[PDB]
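So the structure is just underneath, and the comments pick up after that.
For this view, one protein chain was removed and the others were kept in their places.
In this document, chain identifiers A, B, C and D correspond to the written order of the chains, with residue numbering beginning at 1 in each.
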Amino acid sequence: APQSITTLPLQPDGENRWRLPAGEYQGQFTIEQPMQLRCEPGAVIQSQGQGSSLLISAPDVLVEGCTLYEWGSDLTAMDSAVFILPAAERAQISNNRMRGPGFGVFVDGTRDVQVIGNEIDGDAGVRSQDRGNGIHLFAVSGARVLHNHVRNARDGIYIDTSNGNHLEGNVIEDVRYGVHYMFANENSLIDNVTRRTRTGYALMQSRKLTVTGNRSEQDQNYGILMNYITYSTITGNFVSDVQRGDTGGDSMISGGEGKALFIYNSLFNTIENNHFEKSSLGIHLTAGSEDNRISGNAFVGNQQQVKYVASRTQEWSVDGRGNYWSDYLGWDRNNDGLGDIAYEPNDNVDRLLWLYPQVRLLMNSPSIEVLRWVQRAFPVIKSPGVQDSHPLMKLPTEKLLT
Amino acid sequence: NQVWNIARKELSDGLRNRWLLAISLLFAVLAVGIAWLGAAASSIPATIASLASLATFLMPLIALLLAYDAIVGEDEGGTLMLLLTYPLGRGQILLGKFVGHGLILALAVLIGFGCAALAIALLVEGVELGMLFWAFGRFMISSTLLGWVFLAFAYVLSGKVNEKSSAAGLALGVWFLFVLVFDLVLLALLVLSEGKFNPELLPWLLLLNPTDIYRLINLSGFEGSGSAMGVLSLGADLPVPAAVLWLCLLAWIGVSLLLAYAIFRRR
Amino acid sequence: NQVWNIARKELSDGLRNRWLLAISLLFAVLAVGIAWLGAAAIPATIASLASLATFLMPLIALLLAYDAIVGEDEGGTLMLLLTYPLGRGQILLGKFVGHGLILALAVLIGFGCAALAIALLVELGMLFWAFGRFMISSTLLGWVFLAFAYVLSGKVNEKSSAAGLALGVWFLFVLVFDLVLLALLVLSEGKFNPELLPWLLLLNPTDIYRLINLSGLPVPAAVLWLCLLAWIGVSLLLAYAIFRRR
Amino acid sequence: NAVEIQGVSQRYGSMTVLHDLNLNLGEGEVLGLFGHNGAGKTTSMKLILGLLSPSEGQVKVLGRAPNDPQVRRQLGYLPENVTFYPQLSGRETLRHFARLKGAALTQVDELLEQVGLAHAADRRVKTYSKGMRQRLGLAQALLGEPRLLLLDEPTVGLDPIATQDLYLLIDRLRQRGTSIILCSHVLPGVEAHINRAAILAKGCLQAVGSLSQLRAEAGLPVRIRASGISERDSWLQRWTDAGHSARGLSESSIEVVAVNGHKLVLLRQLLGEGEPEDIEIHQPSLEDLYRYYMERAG
Partner (left out) sequence: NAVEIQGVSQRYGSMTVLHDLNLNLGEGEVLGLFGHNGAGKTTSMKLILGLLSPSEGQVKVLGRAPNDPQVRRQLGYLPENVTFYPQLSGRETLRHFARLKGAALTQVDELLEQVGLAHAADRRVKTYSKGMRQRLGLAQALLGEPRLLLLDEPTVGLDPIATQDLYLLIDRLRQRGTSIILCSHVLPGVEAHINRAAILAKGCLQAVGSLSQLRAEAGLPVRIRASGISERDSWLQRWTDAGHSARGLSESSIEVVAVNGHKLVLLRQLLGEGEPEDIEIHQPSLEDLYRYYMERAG
């Protein structure tokens, strides 16, 4: 494993700033000195397929314009493309291309690192169990992952116990998990787009974080999966067409029929102004995750809007403003934005179908059509569900479809 | 009096109808079953809107099962031309049939909501009996009036027809129109217009349907959840007090009984 | 053949029946009005049409033929008709042809105007196969309840209690049998195998009607057609065996 | 006079189903309305019951108005067919009518004996025959000694013993001063009990009066049958000289139709020569006069 100074860098500026010319290189490389190296676009620093290709151990390193290729695949020895040590504080990794079967950018214990604008094409043949992480973050405070393009890695932007960091504008395509969160308290993520992914957003056991403006286009079986998140904020997310599928490993999640939002043991969080579109399940609310502010969303086009297997009532309207539902057959007499009658998204026969899947054969029966009308006529047999007084009449997310 | 002498027949003829006593015991075993399910879930405003919906399906049904063959069932039976040659008028064999069939509905709902009250005072412990007596006293003297409307509807659709098989077609037509078609026409007028057809006239269209005036009377005090009400959530927009809603229910009797007598006078 | 000579009566008597033409108009209006709200608002709308024709095609069949045998016995023509050159089989089978071609025409005005409301408000290669499977299977559902009406007419002795059983068969076979299928699910789990329940759907011709409108299931399609025709063939044989015991 | 109907032309809208009948019914006599099935027989009684309006005419029942309830207490009426109330019992429906007419309920049981329904009393009217219902239909009419009966075909579906008992029950009410109007079709037999037949055509009332007056006006042949005569073929001559057609069916049975103006000299021919085995001097019947007048109207 040679070093970056063992190459031939033509210095453009005498402020520890270097420029590697166009031309291939070989083997792993190591940053031990604060060198703000740039690269020409033909600087294909191609490793041979073993080891972390560009290890960084010095603080304040502005890596720019490199093109890394074919590092190792030993995920236990953390064969990254750009490994960043805890002593390598405030590193800038700008506009880089990586293609190799391991970790793209593995950082750990660092502060204020900026991984901006990179394009990380992970793999093509590995079974999404050894592809390695795109942007792995392990207990970092200050990180800034901005406007990247990670493709075909394993579980996307992995984040483990990293406290304060922004995830802004990153495109994540054809990966296992889109953004994975593990105990990342007081986090933030803006405007990310995840496409064709076996889980769009893994939010596991991370509190107090802001999830805003993110998009998930045609992901599989879990649009936004939130496990044990508290005091969070889900504002402006656009979850579209969560089709069924399986993650293939079933490690931390299970296979789903397609849920645009799955709330698992998340106690307090504000879920406002979102857009859950064309999935099989618009929102799955588990029984342990109750009493959180869910108001202003748009549940359009979903085959079943809420799945709530409980008998506790659940009002879904804070400050008198509720959600827009596409199948809300209501009126608005007093010309405000709100509907006039409350909307129960679930019948009792819509929860017998969840308890017993053999009722799908009886789902077209007139007796079921009688039983849907008997609940609307005799409200004593209506189990206390997931209603919202004052639902919205118009679409509130008129800007999120652009 | 002759009005009671022909009431004593129908009081003793309706009680031999096996079809009445089936669906008047069905009204009794459902009003206990709703009130028992209303005791195990404890709310109170859900057990009022379901009982008022239960008597919307059955007190018009018992009224139309009783009295659809009141005039034409006597006309094609031959006993109507005989009865006018007795010292009677046509106004006495209709008002007498109205008293005679009216005491059945006054007893079919005092049996029904009577055992429903004993299925509440003996089930929910600690319930206020004054609020129970007032609410179920309001259920008793207003489900009769709903029954007496459809009783007077049945005399209208019996005097017009000349065949009892066609009277059963109209009685099914009147039961379908007033119970679960006018509630769906008003719903479809409100959903497809999104409440912008008429923001001031549409609450007054509840008064053109006595099943809706019946539901608005019993859901006066216990509004609660508007989604239990459905299109009766227009009922808060009515500026009329509760006492005129009684009077619009009596005017549905008296207009549709004076229409029943004016039709029968040129039979 | 007098199986047709008595069938021409029931066409001529059915087309002047005021009760049938009111419901058959109401059947055709509700079949366009569901199809209007299934295109402007497809297999998703042919399932909602299947729930309509499970309500009304048993009701149309029981409105035609609840007074077929006992209505002629009360009218006195049944005792007259047995003195004609007529077996008791040819009276029943000829009434079954006569009442059968009425609701074989009432679905051709019912769904014949529903298929017109889809072909002018939308694929038509899929239409004439999904509605050909719909109109045939809605007639065969109606012919079961026609044969059910001949069974209950032959048992009873008065026309008033015939409508009390025709309403009773309509309640039991449309919306009481499936409610006790759900009550055998949600209230019984220790003694109710739910894998057996896809096989208990063959004991209900309203249920077999929907299953040949839900494919486009452990059993194939061809047994399901032969299980709907077996509901005709047993109950007509039951109706002929009951009619010979008057 | 009990019923004084004058000038009535009852119209079914445009069509005048009755035309200018001037009928008078005495206070103890038994009138018989006979005619076609479209002759307006049932509708002619509706004028007397007051439930039909007399168009351009007036009906005077008992000297009073025909729809007054003061006179309907003494006006029994039996219609053509009354399947009364098939769920009620036999005794209770007669108790029901007794309360309406103001008859005492003590009259109800012995009326059932008087008509002969005591074996089938307190049984459902759906379990009754047609003849049993006619017994019940008669029984309500007799409640509370009515001054005026109105029976429209009371003997349909009825055994000829029971019809003969019925006219005895009619004639008993004739002795009590109660006028009866019969509206019949069983015309041979009823002529022994009625006082004045009132045979009417399609529109007009044709002829009223006793059977003597109808036989006096309408000259009809007496039907002498001489069954078992000694010789018949030379007895063909013994009435043709007197102006009678001597039609003979069998070898020795001349059913002669004579003039009934020479009854003694024709029978002295029959009694003097030819032996009388069994003779049927049959007067012109009620059906004979009924045959004459209806074709005389058209």
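Assume a contact is a pair of C-beta atoms (placed from the backbone, for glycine too) under 8 Å apart; a residue touches a chain by one contact, two chains touch by 3 or more.
Visitor: Which of these touches the unseen chain: D:104, D:105 or D:271?
Guide: Considering all chains, including the one not shown, the answer is D:271.
Visitor: Using the definition of touch stated at the top, determine which of D:7, D:188 or D:219 touches the missing chain.
Guide: The missing chain is touched by D:188.
Visitor: Taking the full complex into account, find the residue in C:75, C:194, C:216 or C:233 that is in contact with the omitted chain.
Guide: With C:75, C:194, C:216 or C:233 as choices, the missing chain is touched by C:75.
Visitor: Give me the chain D residues in contact with the hidden chain, please.
Guide: Touch set of chain D with respect to the missing chain: 34-37, 80-81, 129-132, 153, 156-164, 185-189, 222, 260, 263-264, 267-268, 271, 275-283, 287, 290-291, 294.
Visitor: In the whole complex, what residues of chain C lie against the chain that is missing from view?
Guide: 2, 5-6, 8-9, 12-13, 16-17, 75-77, 79-87
Here is the rule we go by: only the chains that are shown with their structure count from here on.
Visitor: Nearest whole angstrom, what separates the Cα centre of chain A from the Cα centre of chain D?
Guide: One centre to the other, that is 103 Å.
Visitor: Quick check: how many Å separate the C-alpha centres of chain B and chain C?
Guide: Using C-alpha averages as centres, the distance is 33 Å.
Visitor: Round to the nearest whole Å and give the separation of the Cα centres of chain A and chain B.
Guide: Here the centre of chain B sits 58 Å away from the centre of chain A.
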